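Participant: Let chain A serve as the given structure and place chains B, C, D, E, F and G with the ligands on it in line with the hints.
The chain contents come next:
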Amino acid sequence: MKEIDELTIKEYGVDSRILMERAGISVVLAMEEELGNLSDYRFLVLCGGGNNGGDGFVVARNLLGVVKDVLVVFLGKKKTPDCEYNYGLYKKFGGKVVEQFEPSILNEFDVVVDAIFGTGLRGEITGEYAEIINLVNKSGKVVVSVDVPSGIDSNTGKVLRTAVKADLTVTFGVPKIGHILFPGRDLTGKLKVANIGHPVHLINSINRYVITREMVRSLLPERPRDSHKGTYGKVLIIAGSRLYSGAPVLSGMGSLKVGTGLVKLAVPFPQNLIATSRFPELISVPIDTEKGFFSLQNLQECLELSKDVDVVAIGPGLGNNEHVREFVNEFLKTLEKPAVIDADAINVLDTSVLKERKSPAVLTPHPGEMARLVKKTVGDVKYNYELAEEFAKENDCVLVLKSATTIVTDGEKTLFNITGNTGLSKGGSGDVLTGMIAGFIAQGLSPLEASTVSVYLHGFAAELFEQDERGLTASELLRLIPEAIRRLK
Amino acid sequence: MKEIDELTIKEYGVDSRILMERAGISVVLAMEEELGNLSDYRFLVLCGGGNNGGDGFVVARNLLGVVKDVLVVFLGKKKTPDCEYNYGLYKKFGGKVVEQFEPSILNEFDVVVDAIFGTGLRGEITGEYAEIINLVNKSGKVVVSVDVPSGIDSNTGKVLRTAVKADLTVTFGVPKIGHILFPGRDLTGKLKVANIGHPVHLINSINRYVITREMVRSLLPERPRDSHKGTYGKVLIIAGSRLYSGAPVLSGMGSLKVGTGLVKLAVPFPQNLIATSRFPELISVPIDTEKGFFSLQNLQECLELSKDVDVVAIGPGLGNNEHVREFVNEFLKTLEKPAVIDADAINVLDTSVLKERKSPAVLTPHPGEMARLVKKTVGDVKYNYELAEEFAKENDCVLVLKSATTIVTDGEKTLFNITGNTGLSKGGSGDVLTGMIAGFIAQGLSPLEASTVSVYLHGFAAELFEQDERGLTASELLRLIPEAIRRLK
Amino acid sequence: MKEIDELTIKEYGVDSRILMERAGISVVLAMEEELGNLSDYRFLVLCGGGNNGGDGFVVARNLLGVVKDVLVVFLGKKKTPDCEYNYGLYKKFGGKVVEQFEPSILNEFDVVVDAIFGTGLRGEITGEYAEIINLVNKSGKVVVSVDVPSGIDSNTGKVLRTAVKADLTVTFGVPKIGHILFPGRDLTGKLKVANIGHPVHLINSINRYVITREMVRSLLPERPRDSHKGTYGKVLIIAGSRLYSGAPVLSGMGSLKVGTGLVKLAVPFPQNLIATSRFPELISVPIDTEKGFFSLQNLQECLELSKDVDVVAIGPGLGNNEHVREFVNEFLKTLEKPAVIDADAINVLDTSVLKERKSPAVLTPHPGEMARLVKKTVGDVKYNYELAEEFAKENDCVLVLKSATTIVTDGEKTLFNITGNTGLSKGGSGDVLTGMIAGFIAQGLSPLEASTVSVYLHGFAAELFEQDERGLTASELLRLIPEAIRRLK
Amino acid sequence: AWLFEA
Amino acid sequence: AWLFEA
Amino acid sequence: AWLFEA
Amino acid sequence: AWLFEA
Ligand SMILES: Nc1ncnc2c1ncn2[C@@H]1O[C@H](COP(=O)(O)O)[C@@H](O)[C@H]1O
Ligand SMILES: Nc1ncnc2c1ncn2[C@@H]1O[C@H](COP(=O)(O)O)[C@@H](O)[C@H]1O
Ligand SMILES: Nc1ncnc2c1ncn2[C@@H]1O[C@H](COP(=O)(O)O)[C@@H](O)[C@H]1O
Ligand SMILES: Nc1ncnc2c1ncn2[C@@H]1O[C@H](COP(=O)(O)O)[C@@H](O)[C@H]1O
Ligand SMILES: Nc1ncnc2c1ncn2[C@@H]1O[C@H](COP(=O)(O)O)[C@@H](O)[C@H]1O
Ligand SMILES: Nc1ncnc2c1ncn2[C@@H]1O[C@H](COP(=O)(O)O)[C@@H](O)[C@H]1O
Ligand SMILES: [K+]
Ligand SMILES: [K+]
Ligand SMILES: [K+]
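Protein chains in written order, with the deposited numbering: chain A, 1 to 489; chain B, 1 to 489; chain C, 1 to 489; chain D, 2 to 7; chain E, 2 to 7; chain F, 2 to 7; chain G, 2 to 7.
One chain only, chain A, in its complex shape:
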């Protein structure tokens, strides 16, 4: 987006003063929409020396005469040209500026406009800038951040030592990665994206997007009236073990609840019996195992079951021992169908086997599984969208890195999901997702499309739960899926 401001000035010819004005009035209009009539309020605008602060000067000037009181605390040393121009206007219009922050100054104001730093922040905040941010965060005033809350790194969502907690953030052109990933997404509060005059072609060129309702609506597969179950595909789910008898059932119904025509589970006996006793619509094939786990002895039976299907999901509750490893790796090596690879199938995966596969795969790890897979720490991989991009690209796969914001990438295109809530922070929610992806592939969506639609809907179903989110369980989530789908349309 830095390149987008640049191109809009330098090649399209839009004066940078005009972009700055449009940004500032956007902020004024966003505050009106959120606070109602502004004439009642007193405003403290905190301006740095960069263009973020310039945006602040525009806000401050625009509020002059219309609101109860305005004051600018200017906290930079030097001003950029556009910041300077606008400082100059604010002063000519009769606005008051000071350069010293008094702790007690929060006393006489209702709204703090945070125009200290924007996407123009490198490295940690210390000294007075930090002190003032800590003061604002303790003040209980309403906080409006210009562009990104000061102290968020706009490329990662990381807090650079300290950062402003905003009630409202007004950004320009497009959401930035920092608003989308945590902790930054938390500090952004309610996010508005303002159009400030960039050519639309540039806005759309952006290589990374947030999954939206509109995007998902247009990817949902059609339901032609003259159809039968085979129209909507077949899934095989290879899952469960004597230790984990629930996982297969939740994956299976994830597939069915998104509109798949037929789902078959392959689960060690007698645990296979659990599924059909809960959901007799499922087919649950007994696999005869030595000790409760899949092994190479079950390889041939599973390839056979996979000839009549469109997609295979593998992993949930398989257990992670050597015989499961041999089986999963030999199976994936021979299976010439799309694979959705989750949970324990990921823990035992040999990534050489993903490269040599002609057929496509989706991997769906959480950060702990991603860490072990690439042999890094949880902290190195969490929210690391470039690492996810490299891995999908190197292994010719779609990677769905699960978290409160989920990342879906194929190496070229990267998408971020922001639906869901803490109710999904419970075992078995992941199992449902695996099933949703496989089902959507079965219905003819590509792996990336299936993954995009599934993470969105999976989160949206969680938000539809009637009671406190913390009491949500995977079985209730399954029930809410078709409501999510209906509400999408």
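Bear in mind the hints are in silico, worked out from the structure with no lab data behind them.
There may be inaccurate statements among the hints.
What the hints assert, rightly or not - Calculated cross-link-like contacts (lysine-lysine; reagent style DSS-like; alpha-carbon spacing at most 25 Å): (1) C:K489 to B:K68; (2) B:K138 to B:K190; (3) C:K2 to B:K91.
Stated by the list, open to error - With the Cβ distance kept under 10 Å, some of the chain C side facing chain B (calculated, not the full set): (4) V14; (5) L89; (6) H201.
The beta-carbon is built from N, C-alpha and C at its ideal position, and this holds for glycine as well.
Facilitator: Chains B, C, D, E, F and G with the ligands in isolation, oriented as in the chain A frame:
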């Protein structure tokens, strides 16, 4: 119906001009009901040379002076007498005709009335007629078809190379097979059937009908207050296998949910245990089998269980191997009770055994099972109501050929079901239906009656699902059945 | 309209059988709209031998099979060709006919369809036709008349000895004079006018119309925002006497309540004082008279007052003595402004003075005043629209002949008003109307236009009275006028 | 409105 | 109901 | 109220 | 919709 127009003219004495006038004004009145006040709209009427086009000329004439603009594009070479008469009137009333279609002419109109071909169409549409139909289908205008959308074969529902997609179709006397079967039923849009003056005795003579709410209401069995479970009959369901443990449960509850007094399942042990753990109202008899499947070793036990019952359903999840074949065929040969034969029981059926049976049967295949049964391709049997008629007649049975429009026939009487939606395109919906039919027979309805009421209600229950249809599963369908029954009354 | 059926057959080419069919089904559709679902009812159709009876045969045939019972009592000797054709169809479709009326036959039916005579009736009904009509009128059954209730003369509204009282009458193309004038308008009940296929150009050619909401809406003068009282004209009202001090006030406010800019009354002193004490918005000029009445001594003063105005109303409460006669006649002879001539101004009018006037006039008599004016009996002039036409034409004026249906004519164009109720049957309602006409002329409408809009609104205001109509008085009517105007839009 | 004036 | 079945 | 008087 | 995406 061609014979019906003929008899009404030639033996009852109704001038054919009068039938044509009544048809045309029906179309005008149907459009008013659908579009509201017509004075706002501009109409383009597309007329062939046959009587369909004549009907168009009547529409066009009737709209003269009352609506914003009318134009006829006449696309035939020659006109039939009645078409000619009406072309003559349209012209005398001051109506404009042209004989050349300009692509851009769709520009200046809001409604296209399609009176190009009706039930008088043989063979594929090519040349300009096709071009013009392709233009109308791309135009996004509202389309009203006279009789059947031009390009549907009214005897089969097939698209003859290309065909008009209508928002509204107004037909006369009775729905034609083409409106009822796909793809034609899809292209018909909303269908109105107009009374245009045929004697009622002729209308009712028609040998093939659509199942209606009214028909089904009057077939529902009575619920006398002084009753007990035996009043409402007993069903035995012979089903399931070690591979398919769900099917028995869904069939069993299909029977109970339609009001049957007692349902017993016979299911290999321990899979029989699945049913009562989900629905403890069911009786589920363990059958001791060698390897998880019914065989001749279970023949005597099953005949014994069938002495105390009114109907036997057989097939769902039995598996299809040689020992199942021997068992099903020897069983059906000896059973002297009504049989409902579904799924795998159909796959292994020897049709010689249906002829020699004194007792009645209903077969309920989908097209894939029907194909294998008579040794034809899916495409030869799908929507092939005459083949279904021949087979029911030759084998002294009722055949229920499942699809988005289901055909129910006994060889003399043929009925079409149009309830349901794509939510039933999921395994296990078929199992529920089998149970509904058996239950209705148990309650004293004939096989044809039981089949008619069941397919109607089975589809209607699907439409009552609250959320998106694609998330419907057989277990939710079971729950909706009694709502369907209540809404019927 | 007889000429309209003829032209539509003979020059446009519409088979008369088709007109007859369209008429009959209109009747069926009108009954459905009024009675709801018809399948519950038993129908007795009473058919003569003419085309009215033919229409009946079409109704009867169309009801066959759909309703509970149908029977035709055919009461003619001979059948016209189209009646015969349709008798022939009714019989072929299986309909029962009898030729004898049994008094008790009304017992077994719910609806009597009266297709005995239509617009094809000359001279008085006697014998059995009368007996049967008297029986139907005593029966308390629902009665639907085809075209006009049998026994109304369709050109006058007169009862030819005896006539059917219908709940619903369905006529074709246009309302006939007989439905519009009393007693016929009373016997018609609820009137529907069906389009049966006549070219629209012919329908509109009709020289005589009913005033409609739509017609009046499009005649209401505009209210340009940049206006002042002179934009909306000035009225002078010359009225009242020592005997009749109320009339001036009600006429004056009639003018103001329709939007006139200024109204001046000229009323003998001190009775002029009455007006401004009730409505101080009025100007009320004292005229000094010898004995309480206008005379030639007031001629010059009144011509003077009339120079500054756009229209003069004269007559209400003037009294009728010789000196008033001299004054009214000399005044009208010299006044070179539009005159609205009412009440006593009409009683003393010399009609030679209307011919010699260059300026236009509207006369507004009730039948008693019209009788004295042309020297005929009340019975000769009441509802006599051709006499009203002759008089307007001979005297170059608009005549508004007041009654429950009011006739407005200029000799070329004749209009009928059907708004109002018996609440206007009270002295002073007429005075309000005079004022409304003058006001509308003042605002720039022609005399015929002003008269059309006024009679419509005057009646519509009466219908808006909240309480029983019989308690309506002229002062409440004045209050309701602007509600009428608003409801018009 | 097509069939009836009222 | 007289004119149309739906 | 900031952008428009009506 | 012109000024803001939410
Ligand atoms: N706090 C949260 N907010 C939104 N989604 C969550 C949250 N916690 C977990 N999830 C989702 O729930 C599922 C957990 O799957 P797993 O990590 O395999 O158990 C993933 O789809 C996560 O993205
Ligand atoms: N309410 C009842 N009325 C008449 N017979 C009954 C009743 N309940 C049970 N039975 C009889 O007991 C046997 C078992 O009844 P059921 O359990 O209803 O099939 C039947 O053969 C019935 O005749
Ligand atoms: N309604 C239907 N239309 C076309 N083919 C069908 C239908 N039902 C079943 N089949 C065929 O039967 C086989 C099994 O069908 P399904 O159970 O829908 O996968 C498939 O290979 C289909 O071609
Ligand atoms: N798209 C659809 N619309 C209506 N009914 C359907 C549709 N797809 C399947 N069905 C019905 O659902 C059941 C499928 O049974 P089976 O083909 O045995 O699995 C049959 O009753 C079909 O007629
Ligand atoms: N608002 C106005 N616009 C134009 N002329 C007016 C206005 N008010 C009064 N007059 C003039 O003053 C005279 C008396 O006006 P009025 O009282 O409206 O008849 C007329 O001849 C008008 O031209
Ligand atoms: N029964 C009635 N229905 C409708 N209008 C009426 C009725 N009686 C009187 N009127 C009207 O009321 C006014 C009577 O005026 P006048 O006859 O001068 O007293 C005229 O406009 C009549 O047309
Ligand atoms: K900021
Ligand atoms: K057509
Ligand atoms: K009549």
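Participant: Work down the list of hints and note, for each, if the structure agrees.
Facilitator: Hint by hint, here is what the structure shows:
1. C:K489 to B:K68: Measuring from Cα to Cα gives roughly 23 Å; hence the hint holds.
2. B:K138 to B:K190: Judged against 25 Å, a Cα distance of about 19 Å means the pair holds.
3. C:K2 to B:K91: 23 Å, holds
4. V14: C:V14 check passes; min Cβ-Cβ to chain B is 7 Å, inside 10 Å.
5. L89: 6 Å, holds
6. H201: 7 Å, holds
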